[PDB]
Amino acid sequence: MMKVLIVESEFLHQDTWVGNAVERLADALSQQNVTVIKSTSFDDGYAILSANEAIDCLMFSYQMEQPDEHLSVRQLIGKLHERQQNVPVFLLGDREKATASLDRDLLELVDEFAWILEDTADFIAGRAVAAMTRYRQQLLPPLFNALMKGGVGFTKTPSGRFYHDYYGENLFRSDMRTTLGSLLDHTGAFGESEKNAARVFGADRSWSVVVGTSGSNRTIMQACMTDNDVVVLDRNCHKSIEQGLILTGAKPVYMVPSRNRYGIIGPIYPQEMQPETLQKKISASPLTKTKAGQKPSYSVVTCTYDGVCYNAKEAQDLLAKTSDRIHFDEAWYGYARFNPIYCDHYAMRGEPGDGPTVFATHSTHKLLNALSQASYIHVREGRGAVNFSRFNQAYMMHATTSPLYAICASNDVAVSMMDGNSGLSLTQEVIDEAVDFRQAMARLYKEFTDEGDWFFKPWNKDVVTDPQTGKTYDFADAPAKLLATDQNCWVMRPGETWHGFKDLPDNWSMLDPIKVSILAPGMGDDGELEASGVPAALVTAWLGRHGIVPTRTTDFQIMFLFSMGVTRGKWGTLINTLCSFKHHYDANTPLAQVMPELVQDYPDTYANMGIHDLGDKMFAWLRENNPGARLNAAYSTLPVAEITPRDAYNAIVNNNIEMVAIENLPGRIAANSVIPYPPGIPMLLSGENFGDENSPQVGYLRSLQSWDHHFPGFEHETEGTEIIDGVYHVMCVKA
Amino acid sequence: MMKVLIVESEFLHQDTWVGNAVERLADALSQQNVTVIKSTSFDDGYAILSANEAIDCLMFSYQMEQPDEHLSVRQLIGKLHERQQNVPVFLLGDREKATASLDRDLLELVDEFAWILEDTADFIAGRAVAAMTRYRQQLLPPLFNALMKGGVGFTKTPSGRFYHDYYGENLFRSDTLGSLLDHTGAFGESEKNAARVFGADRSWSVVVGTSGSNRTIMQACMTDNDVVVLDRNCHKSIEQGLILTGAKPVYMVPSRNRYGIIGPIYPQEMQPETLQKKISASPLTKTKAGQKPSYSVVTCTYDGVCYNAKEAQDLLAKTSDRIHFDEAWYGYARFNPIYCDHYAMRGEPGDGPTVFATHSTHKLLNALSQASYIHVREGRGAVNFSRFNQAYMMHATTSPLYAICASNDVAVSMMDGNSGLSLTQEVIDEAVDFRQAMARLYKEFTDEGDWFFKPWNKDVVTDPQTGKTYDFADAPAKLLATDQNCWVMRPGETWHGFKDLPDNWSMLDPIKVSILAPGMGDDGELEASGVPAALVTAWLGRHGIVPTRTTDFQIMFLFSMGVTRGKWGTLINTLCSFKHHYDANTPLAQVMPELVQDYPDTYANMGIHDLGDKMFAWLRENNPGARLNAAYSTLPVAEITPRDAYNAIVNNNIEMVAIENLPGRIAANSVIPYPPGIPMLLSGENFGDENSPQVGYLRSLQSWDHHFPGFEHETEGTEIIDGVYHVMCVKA
Amino acid sequence: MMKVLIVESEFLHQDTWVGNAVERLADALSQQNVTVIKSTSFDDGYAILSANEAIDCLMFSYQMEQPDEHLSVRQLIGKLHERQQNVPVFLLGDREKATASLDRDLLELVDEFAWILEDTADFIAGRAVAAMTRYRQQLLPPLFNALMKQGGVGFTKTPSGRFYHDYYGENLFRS
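Protein chains in written order, with the authors' numbering: chain I, 1 to 149, 165 to 191, 195 to 320, 322 to 373, 376 to 756; chain B, 1 to 149, 165 to 190, 197 to 320, 322 to 373, 376 to 756; chain J, 1 to 149, 164 to 189.
It is possible that some hints are incorrect.
What the hints assert, rightly or not - Facing chain B, from chain J, some residues (calculated, C-beta under 10 Å): (1) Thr120; (2) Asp122; (3) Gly126; (4) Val167; (5) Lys171; (6) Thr172.
Said to hold, decoys possible - BS3-like, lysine-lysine: derived pairs with alpha carbons at most 27 Å apart: (7) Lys313/I x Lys332/I; (8) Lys309/I x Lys755/B; (9) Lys149/B x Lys591/I; (10) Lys97/B x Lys171/J; (11) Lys309/B x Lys755/I; (12) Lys332/B x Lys298/B; (13) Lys298/I x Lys340/I; (14) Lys257/I x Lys149/I.
No wet-lab data here; the hints were simulated from the structure. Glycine residues also receive a C-beta, built at the ideal position from the N, C-alpha and C atoms.
The whole structure should be built from the sequences, with the hints applied where relevant.
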């Protein structure tokens, strides 16, 4: 049903006959089954649109004398088109004045003229209904629009009827080609949607995927390499990127990213991407030795989970020297293109036209807000390009013959949301909120700090600079519009303490504002632990009881993910919970009260204790066992790659497999990848060797286990590891 | 909100004070926010339950004197528990009579006693509400139940809000409970439960369809060093596994019949000695001869041919320790006794060879698209959890959509217990009514010297109880919908048309209703005149009916659990209206306007009959049915592995070769023409000689396309360039 | 059933569009089966809380310019927490001004921020319902809370017993 917002100007209430004429009109619209929303000020109308009140037509009266009004009109209409881009705007005006004002500027604002003191109400109403109808027909994107033109089996059982009524009949009514087209064939509206997605996301062609970025990654890899090829891999890679290695059987070489003192993974340095460096890696590795000097057929780089953004323009030019195919796993980073703060720090920059072949991979569900399993493969065709016929064989490989339309439709509307003005407005809203939160957290931190007290501080720049004025601000004191706009407020520059990446070159990295990492006290700037501190594991647990589960957690880092799904002002809850923690920490309130579920489980360990007592005991273990250094030891230098991930997986199929305990891991080959959290990237991949008797990888695992035993209920998650009889085991190859 | 059906017995209306007491009760329930459905006869109550009125409690009055009533009660309660299995049944009765009758039989029927002329209405109401609450807690299956205890981002744009409101907030709202990939918590409980229901040792819930399921199984069962035994009639996804694994295939060739319908792989083809011969003969496997194959796959056919899976398994067990049945179109089989012994997961699990069963839950169990199950019976050469989950994760997604997994969970619940039998029986019953109705019409027309469509099924059946013999049309419906032998393909029988098919091997699925247009003689040669199915399929298409399968004379209609009762009448009504226009030869301008507008030169001043004759004439002349058999009777020579062939695509050793230059060339991708709709060539196989039957069959398919525009054959693995058939090939 | 007190600041009546936005919010809450109590002055809101009107959430608008208001806010919220100690307090405010004021003192008063001229009414309503739910779950003391999760029936069988039963109420026996 159709919806009209009428805004009566404040400047014409003086003239009561205008309001009467508007009422006659409002009446005429209601008579044609149109919902009318009356509004009595530009301020009120602005606020209604500032909420998300979806209208199909805006009407407004307009005196056209006061300049305060002229502006208020520009603001209102400007506001409408931020997210309601093509809503028809009717001017309810004076014929003489409007006529005289008529110029290009006015016609960009106003779509249609209705002279309200001089025309039949029913005629204007009719014109509006007509304009609202064209708006509606033009609104929806190709695929979802097509789908607007049977769940019966479920209704025959009670449990099935409950399910049916819960999820709704339309979800099933979206099942089946025939006029609409097929996904796998990429025809009809499915084809139109992809052609459209490519336009919006700045690609030559796009491939709609319904098996997630996992499926997308595997698909790209399938098209770009065989077992005869060498490939250059970001060590910080998705599980699915290893999966491709196993299916393809290609020969890998890894680029090792930097870390910092808080345990946060930083970027791969340019030195590591140099042709000469990669060629040395290739000749050194057992897997690639025999294929030295061969041109690698594929290259992959990951935005980091913690929000580190590469200068993709420079990164691409470095990798282009070595490989003709460069794949950026932009799973957490689909929005990048649609806000200028990320300028140059994503794959699909500007308009396509032609360089190397560049792939970009988005998980639409993650941060673009869409149905789970929704993903896109975006392609810029260049050197070593794979055409449709060839690539579609790789696509079909990892697809399903009957995909769920509801997911594909969610991909189509997600495109529409980033297209045009909506994209900028949505991305800006989330940045704005993340900034407000960061700033609020920084101000609290100074308040406590200044008073000789502790608190959590946000991980971001210490000091920023306004370019237009030259003026310098502490983060807390900065203007919000600066931080939410100026990219240089987030670029990681050399000599800066905050980011903590030793010898990071200039104009390479950048912090993503919406990936708000927060730091508990305990880690000194020098890299060694402070006198006392608050371990994050304890905070994460407290947050957990209050229905808040952070994305990442290191020893001192807690990362909160701001997305487009976040409502305005909700970050206040994060602060409120963080403050209530501090209060209980300072008070050392008994665990019986603050964490009852834990004491009930392990009474022997956490008996007659308080929340501060545990914090101190955890922080004590941290000093003694020194895990941060052990982490770096295990990741600084890669384990020796003895066989290919494929060969290692094939050992599983042939049953050359053995569950090896932690203490007998040295000298053994891992059958599956091993990924400890932290840092949450692979320590070992399939086919790599755990190493010496005094190995750092096995070492880091030992400390992780030691933590688990000392602090029950706070056990580390580790993929590739099965805990048997209270002991860490890993599936290994049989010697 | 809660819902009660009260059935006032017909035998107690005589006693008006009973009805008053029931009214007092109905009132008490309404006062506790309970929807009451009053019913005044066992017949009416039976009919309400015979519909699908979901109730949470049944109450009924009961005189307990007349035996006509005693039965009517058994029928009513029996009906309730068909699909509403655990609904609490309240007896609104007389204390003295009920007491005296009380035995085991009564207590199976009645769950709870309420003496209505002797008890406070509010107390009974309370007891009911309590019983309904306990019923509700027990109702839902593990995962979906757990999910009953945020789409906001979409609301910020108008196009997004429209999408959000259309699909509903709960779909997004579904994004302690456990993880799928870890197989923990309620996800784990659901799978353990699914295994129980479907008769497996363990089950794996899949969210990438049977394509993903098939690829997963194959990943766990073979490497490039292995030999594998493949049903030639296989899913595209089974070839995909071959390419990913790099294993060395050998194919089992199924039979066809005169109508072009794919029949079963004969036992002779599954014999160890036959398979060992195939292995030694093939270029891909020659070097691995005498090696024990690590995997074996057999497909229920699309057209409804069901294997005797017990016998088939025992034959394949001799050769391989892993046997995989692709039961994608066939998940229901287990839950109706008419399919007895003709599916993988027979009886209870306990231990033989390791057997896989693959279901597409969305296809015929009725569920969200992409829903699939891998069912496993662990035996010899079994793959344990740790090992298999690595193969599972290989073809999974890190964030799966809960709505799909939940649909898998409730789909299990629907086949579990009584509901499964009742649902499967409903669809069989409907399919039978349709088949019989179609057979009777055919006799009516035939007898009067006229033509019509006949159903593809047995000509004559036999009642075992009586010995008596019936023509299909004349048979009792109860017999056809129950007795398996009415569907078993036996030797010497004309109807099924599979030359030399052994006894007790195959069986026609009742719900896979194939229908036959006239034109094909029993002898295998074409008749004087006929009606080609392509023309009928088109007419059906215009009336919003798109058949699953279509050969030259076969049109197949798929009866499912989603089908409403009696809807087959529409199929007949449309088929009759076609016949009318065919006999009348009404102009194509009227009956098929879209076609004449598109290709006026070809279909000018023509009628529907005229086209039929022209199509049937082409059929006699070009003789495509024989050309089909030529191309499929003998397999093409396998020059390289599908993996090697796919790798040519990656390395760009690729060339789009036109139909005429195909001889001697290797196919880069599989080539699947419809009909028959199974692979003629797979990746890495050679099109063959200068006078090759495969390239031949393609030429005739192309010839048809050119002669009859708008009726073009669909062929996967083929690109039509400049009006010519091309296929992607390897570069010599 | 849940209960919200909304206090429209006296210092923002001058701006009529604020009151409209509050009305849109009040409407959204009512639609989610929440009893709304509107109040048009800090004095009135203070007086309602000064009585013993049991609410599950306090919302208020706030100009944040006059110091007379800053105090009136402190008094109101201070009053709430005298006996309604953990009731969640929503600030219906301006993003820019609130942000700039944000310190430890404010966060002791205000539990949650809702920017009313810039956010969907239904979202705020939802957040309130959520906050009111956690408040309710946290409210009652251990024993009495547990007790909220033959039954006085025997009494109903005699008239004198039914009278007694209805007088003292079913829950007394139910315990």
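Cross-check of the supplied hints:
no. : hint                : verdict
1   : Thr120              : holds, 7 Å
2   : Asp122              : holds, 9 Å
3   : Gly126              : holds, 9 Å
4   : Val167              : holds, 7 Å
5   : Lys171              : holds, 9 Å
6   : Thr172              : violated, 13 Å
7   : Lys313/I x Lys332/I : holds, 21 Å
8   : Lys309/I x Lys755/B : holds, 24 Å
9   : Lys149/B x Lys591/I : holds, 23 Å
10  : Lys97/B x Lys171/J  : holds, 25 Å
11  : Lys309/B x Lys755/I : holds, 24 Å
12  : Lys332/B x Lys298/B : holds, 24 Å
13  : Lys298/I x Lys340/I : holds, 15 Å
14  : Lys257/I x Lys149/I : violated, 40 Å
Violated hints for the displayed structure, listed by number in ascending order: 6, 14.
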